[PDB]
Amino acid sequence: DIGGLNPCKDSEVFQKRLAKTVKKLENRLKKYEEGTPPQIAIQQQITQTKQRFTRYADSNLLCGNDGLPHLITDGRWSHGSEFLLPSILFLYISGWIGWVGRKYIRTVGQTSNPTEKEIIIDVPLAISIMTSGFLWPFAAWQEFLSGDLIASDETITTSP
Amino acid sequence: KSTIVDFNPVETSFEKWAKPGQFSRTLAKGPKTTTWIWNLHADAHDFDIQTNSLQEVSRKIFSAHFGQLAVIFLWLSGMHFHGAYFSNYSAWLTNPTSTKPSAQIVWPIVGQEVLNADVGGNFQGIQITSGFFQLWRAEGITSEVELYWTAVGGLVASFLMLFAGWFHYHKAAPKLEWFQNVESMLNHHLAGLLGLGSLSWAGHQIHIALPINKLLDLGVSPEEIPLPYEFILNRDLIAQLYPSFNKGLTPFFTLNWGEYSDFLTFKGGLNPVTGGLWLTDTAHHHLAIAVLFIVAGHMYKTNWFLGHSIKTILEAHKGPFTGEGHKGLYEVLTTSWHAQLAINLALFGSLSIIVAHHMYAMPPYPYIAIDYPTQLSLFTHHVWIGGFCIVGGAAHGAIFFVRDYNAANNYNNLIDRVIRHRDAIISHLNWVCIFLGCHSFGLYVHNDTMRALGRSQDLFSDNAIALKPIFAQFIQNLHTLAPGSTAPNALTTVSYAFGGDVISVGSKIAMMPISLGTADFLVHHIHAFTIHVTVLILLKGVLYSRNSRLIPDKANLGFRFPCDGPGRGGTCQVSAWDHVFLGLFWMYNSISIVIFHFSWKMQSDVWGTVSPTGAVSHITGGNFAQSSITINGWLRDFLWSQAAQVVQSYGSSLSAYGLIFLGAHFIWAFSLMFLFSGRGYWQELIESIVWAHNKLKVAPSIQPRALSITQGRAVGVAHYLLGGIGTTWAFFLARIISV
Amino acid sequence: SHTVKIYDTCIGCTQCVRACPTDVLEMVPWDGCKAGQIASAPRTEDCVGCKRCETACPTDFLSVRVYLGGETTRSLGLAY
Amino acid sequence: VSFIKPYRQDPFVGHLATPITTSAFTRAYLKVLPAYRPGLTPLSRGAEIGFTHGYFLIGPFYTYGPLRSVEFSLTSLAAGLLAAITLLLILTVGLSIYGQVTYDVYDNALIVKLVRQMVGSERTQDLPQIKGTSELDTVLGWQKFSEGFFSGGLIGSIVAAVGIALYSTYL
Amino acid sequence: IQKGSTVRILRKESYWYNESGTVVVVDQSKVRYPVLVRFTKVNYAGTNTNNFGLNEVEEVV
Amino acid sequence: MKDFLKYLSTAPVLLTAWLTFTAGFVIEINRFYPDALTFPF
Amino acid sequence: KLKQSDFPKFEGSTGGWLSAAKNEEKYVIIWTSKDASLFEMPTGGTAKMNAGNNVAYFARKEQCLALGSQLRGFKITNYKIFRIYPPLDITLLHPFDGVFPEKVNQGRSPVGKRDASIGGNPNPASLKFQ
Ligand code: CLA
Ligand code: CLA
Ligand code: CLA
Ligand code: CLA
Ligand SMILES: CC1=C(C/C=C(\C)CCC[C@H](C)CCC[C@H](C)CCCC(C)C)C(=O)c2ccccc2C1=O
Ligand code: SF4
Ligand code: SF4
Ligand code: SF4
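Protein chains in written order, with the entry's author numbering: chain f, 25 to 184; chain a, 6 to 744; chain c, 2 to 81; chain l, 2 to 172; chain e, 2 to 62; chain j, 1 to 41; chain d, 4 to 133.
If we strip away everything but chain f, and leave its shape as in the complex, we get:
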């Protein structure tokens, strides 16, 4: 399909990889005894390996000639769960972190001892700001509009 890849559900090398891993795990399982915790752990390993391979097969995942899932990150929504949705999730979380950090910096920057409140965090104010970051996309595009997001010329510059 895309880039010459093929779905992993029809990739023979993918099933060969699964079979080889299961065979190695079973051979390891053979050298232990009865329902002893080592055998239980190896059986859990086998079950998890089978579940992971089955989930990857039924996941709209494209496999190359090596039988490994390749990620299609050109931007198409068909393979949108590989990069685009995790990209949105990370952008949300990281914007949350950056927004709460910036808000805390600007909030304790207007107190008597701004530097003290950076090594000794005001946990009440920190908790107040941190749970308010869920609106960071909206807060950012409400502070940029008001001109409160960017400094203009009070920023310092070197000699040249």
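Note that these hints are calculated values from the structure, not bench results. Keep in mind that a hint or two might mislead.
Calculated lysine-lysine pairs in the DSSO-like style (CA-CA distance at most 30 Å, straight line) [said to hold, decoys possible]: (1) d:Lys29 with l:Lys6; (2) a:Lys316 with d:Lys12; (3) d:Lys6 with l:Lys114; (4) e:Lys31 with e:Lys42; (5) d:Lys51 with a:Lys316; (6) a:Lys176 with a:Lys24.
Going by beta-carbon spacing under 10 Å, a handful of chain c positions derived as facing chain a [said to hold, decoys possible]: (7) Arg53; (8) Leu69; (9) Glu72; (10) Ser76; (11) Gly78; (12) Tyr81.
Cβ coordinates follow ideal geometry from the N, Cα and C atoms, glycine included.
Knowing the structure of chain f, use the given hints to seat chains a, c, l, e, j and d with the ligands on it.
Relative to chain f, chains a, c, l, e, j and d with the ligands alone:
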């Protein structure tokens, strides 16, 4: 109102916990730049600059020692708890030669359960190379319940040491005169601590370890072995194994000590069953050590008209060549903690290296000589600790010279006379270092270039120009002839390394005569050269710590400073700290070469398997003799060859070793950013980053500053040491566990 | 020999003069500051370039500036 | 008693009077060496130094060279002799250039007195200054020293080769 | 400008260039740099105050 | 318990607690839903 | 024992001057002390002052000035440093006008003073080929 302690000196309060940097006069005002954060941790234990009173520094040091001992006790309790709960110690007891010791199981997350190896005995976990199983077996511990109780005792002891530290800083802190009773302290540490510890351990060995281990070697399973207390309440369970307890303590008090030859032997060699030292020999050794140390503890005058005064001993040791001699040394060592730390750390690291040597040379634990990973790990770890401690001793000698050295109090004594001719010492040490390096390494390079040019008869090899270590071979011959000639009451040599028979346990070689040829000559001279260069750097740091021809007032700049400026052609790293930094680098080099020599020589010419007919086949096959004489040989037949197990560990239970190999390479390369660069570039880059932050109104109030020059060097050396030592750690462990 | 220049931002706090290890700087009368004194560099032939002088300068970007130049046995700090 | 004292009663020199720097054995031993033996012209000093140096220099080249022989070989001896002679030539070249760039004097122990008496208001470093008063510290003296070193090196190398051949043949 | 006034530093070779500081005292004598300004951010040398000329400071509204 | 709570509000203790909590919920997500290469939806 | 009676009671160190301070220049520091105090040499170790005139020779001006700075801790202030060329060419150096450089003395002219701040320095491109 005791005469030794002050009651309730410091109030137990949490107020100062909420004021970081309260100890320092400069840091107490609060952070203004990020340099304050780093200065906070760099001055935490520098008690000299926190108080102007030696008494307060001594009390802080005493409580810090208690905290450290509590940490050590907690670590030991954790080790015993892991042995009790997450180990295959019981399975290893019944099959020491076929079960690999494991005492740490790994949770099944993110696929990391592959690290749980097939250590044997129906167990999965990480193979343990600390030799705790062999130590516990030598202690007579035959059940995991005993390990649990030892862990509980360790936890109780750790809490006790924590309470002792709190008590002796906040409730009853000793006075300076108590700390300065070096005669009483030496008497107690020599008699009580050392001698009575040896005596108590000899008692434990004789009454618990001797019978239990004898029964274990006889084939008695641990379940039918009597509980250790039964060997004390019943004089018949121990009198069957050693038929001399039937006479009781009467032979001891009647001076008929020959009766106790059953369990106080002098045999030498190794136990043929376990491959370790005879535990009867060990008990006799500890008894003799106890008596010697108890006797040695009655030397210094403490509270009666009896004993020696160290001041009078030192002041009487003058000479024509040494002026006032040792006059003033007693005042130096009773008023400066740094001098005591220097001496103790240097001798402590040297002792650690000696311990490392004597460990593999004469394996003291049952079934530890045939556990090659344990032997390699123990040697390498102890040599590393020794090198670090020696560098620390040099560092604190330099610190004493900078800070606690008084010129007036040391007029024409040994310290003064050493400083007065420091040039001669350093110049001759420089010449010796150049001579040794030229010779050792250039003989290596000559061998390499002769081999590369197809001239095999021009090498410094055994089948070529030969450099036989005749002096060491003479000593080896003297030791193998000692039993019956110079040690007439010995039955076997102290170690089979000096010569004798091949000692094998379960077809695995425990010890064997270590032949010394031209390959050992070159590597020994390499060791001497590296040690001499490290000594050169550290001694130049100590002697030139106060002044020099460059900076006549270097003592006024302190122990730790980056430079005096770009003038005089450049005055980088003139400190004494910058000498403990370079000396750390050279100690890493020396110890790395030492452990490489040990690993290759043991794998190639000691360790291996013995055929039923007596044919010895080694791990590598004797390639050390002919291929360790060239740098290409070290690169190929040792590094490239034995790195195969590390690089091929992916997908196996040793994959963590490959991951740590790669990560240690990454950290070592990361160090070079700090070692090669300078502070100005990073400060000017932080300037633009701060511009961006200010543009987005997110510049922190604590102004971000690049790490200071000294801190940049410290970070570089710490990362370099961590990366190199971790790379060697992963390489050694994967190689010696795979094969 | 190195070059040492003094700038009128001098506040006459004398910290440069009492930090010079080779007696290069000295305090001379002036009328451009409250202290009525300004640093001078009349013995730059003894200047070693250690830059202790400008490490003790409290003014914003320094009032004493050391420009390293030609080297001499005095400026190289050679006891031999 | 103390066996280390400041050198010549000067506590500010970078030197000490140890039982090695200023011992009678050191005095006599250094005064019998060609470099300091009294009554020797610079040519004689150079000749003796060259003889001794070639004599002990032929040794390592012949014994450990690229053409060694566990038995006696004329080719090995010739190789060692040629290597020693060429090394002496290199050392003589170094001596010649060192003397060329170091001194500008033809008669010492006088010019110093002349400029200490009759004034030295000139470009200095030739009239004034002048380190050392030995005859070896002149352009003429060092030239003859190098010539003697070179000739004596050749002669001593040849003598040592002859001795090595005799020892290997008749013993 | 006077004591307590807020000024912007116009000196280019300044750790507080384009930044705002508080005037501590303006000297009335014939000194070259009478204006003494205190800042909240310490410079690279650790100081937080400096003397500025009359044309190197601009009062904030 | 006024200065102890202030000590717990210091940067190292707060960072250690936050990173321990963060690693904790990450590890537990990866335990309950392991081997997640793509978005579950 | 020593060449001169005013020398400090120093046992000599292999850190003193070398052949340079016999043909290029040597520095001498003189001072008078009330007590025979024990002080640390800038070169080697501990020396003993004379209860009176003290004279010390060094290879660098910095060594003499470090010794003088140490002397200030002994409440010694009258120390004076001279430069001696290969012959007896004595030149007073440190108390040049009899007043220490840290104290303002009349009769001193500013040397190396620029009537502008750092920002007034000319651009290097305009200082090419001169
Ligand atoms: C939490 C606040 C915060 C915010 C909003 C930003 C924002 C920014 N940083 Mg930044 N930074 C921060 C903290 C922050 N940083 C910290 C703590 C450090 C020290 C490690 C840095 C080091 C740094 C460098 C070296 C660079 C930036 C750069 C940037 C810019 C591009 C984004 C980027 O590369 O991220 C960079 C982010 C990191 C390197 C990791 C930050 C470390 C953690 C995640 C942040 C700290 C969280 C904090 C403790 C939360 C506490 C708040 C709570 C008490 C309420 C952007 C202006 C770049 C730039 O100038 O581009 C224009 C750049 O080169 N920053
Ligand atoms: C026979 C008596 C005796 C014994 C056994 C010890 C033992 C010890 N002393 Mg000690 N000491 C003694 C007498 C004694 N001292 C006297 C008389 C003085 C006064 C001059 C000192 C002054 C002194 C100082 C100043 C320091 C020590 C330190 C140490 C420890 C060294 C660390 C070590 O080797 O770890 C071995 C550890 C163990 C074997 C663990 C078990 C040891 C336990 C704690 C028994 C300790 C015995 C104790 C003195 C009994 C007092 C109990 C109390 C209720 C009165 C060690 C525990 C150093 C240290 O670490 O500080 C804590 C230290 O800095 N001692
Ligand atoms: C008995 C051992 C001992 C003791 C008591 C001391 C005590 C002291 N040393 Mg010292 N030192 C030692 C051993 C010791 N040292 C050794 C072995 C070396 C050689 C490396 C040195 C080298 C040394 C130098 C070069 C200096 C000191 C200094 C000091 C003083 C301040 C220490 C401080 O505040 O650090 C606080 C503690 C820290 C900053 C911890 C830093 C963290 C380390 C560097 C990294 C450890 C990594 C660890 C192994 C884990 C890595 C694993 C990775 C995967 C994460 C103090 C008196 C300093 C001083 O000014 O003395 C007056 C100083 O300049 N020491
Ligand atoms: C492979 C890299 C390398 C090498 C070769 C050296 C070599 C040396 N270091 Mg070291 N060093 C290194 C890395 C290295 N270092 C690193 C990374 C650091 C950073 C921490 C240091 C830090 C350091 C310090 C701090 C000190 C040294 C010192 C020394 C010298 C010890 C004396 C000696 O053996 O001289 C003999 C020279 C050699 C063994 C090099 C090879 C020479 C060959 C084999 C023989 C001669 C070849 C011949 C002349 C070639 C002629 C032909 C040619 C003209 C074409 C020596 C020059 C010490 C010193 O100054 O010397 C006493 C010292 O104090 N080093
Ligand atoms: C990069 C660099 C800096 C800048 C480095 C800085 C500012 C350090 C920043 C450290 C951050 C802010 C905290 C550490 C973050 C790590 C992720 C934590 C360590 C990892 C743990 C597992 C220990 C210098 O200041 C410097 C100075 C002198 C010589 C070389 C250099 C140099 O190379
Ligand atoms: S900064 Fe680096 S180079 Fe410049 S002086 Fe200090 S150390 Fe020497
Ligand atoms: S460099 Fe700076 S300090 Fe050193 S002398 Fe010249 S001016 Fe005085
Ligand atoms: S340094 Fe700047 S401020 Fe300090 S004295 Fe010299 S000139 Fe005046």
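Going down the list of hints, with the structure as the test:
1. d:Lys29 with l:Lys6: 22 Å, holds
2. a:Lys316 with d:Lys12: 26 Å, holds
3. d:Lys6 with l:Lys114: Given pair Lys6 of chain d, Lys114 of chain l holds - Cα atoms ~24 Å apart, limit 30 Å.
4. e:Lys31 with e:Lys42: 29 Å, holds
5. d:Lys51 with a:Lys316: Within the cut-off at roughly 24 Å; holds.
6. a:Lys176 with a:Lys24: 22 Å, holds
7. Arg53: With a minimum Cβ separation of about 6 Å from chain a (threshold 10 Å), the hint on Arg53 of chain c holds.
8. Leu69: Constraint on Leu69 of chain c satisfied, holds at 6 Å.
9. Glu72: 7 Å, holds
10. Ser76: 7 Å, holds
11. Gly78: At about 3 Å, which falls below the 10 Å cut-off, the nearest Cβ of chain a leaves the hint on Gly78 of chain c intact, so it holds.
12. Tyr81: With a closest approach of 7 Å, the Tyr81 of chain c hint holds.
When the structure is compared with the earlier hints, no violation turns up for any of them.
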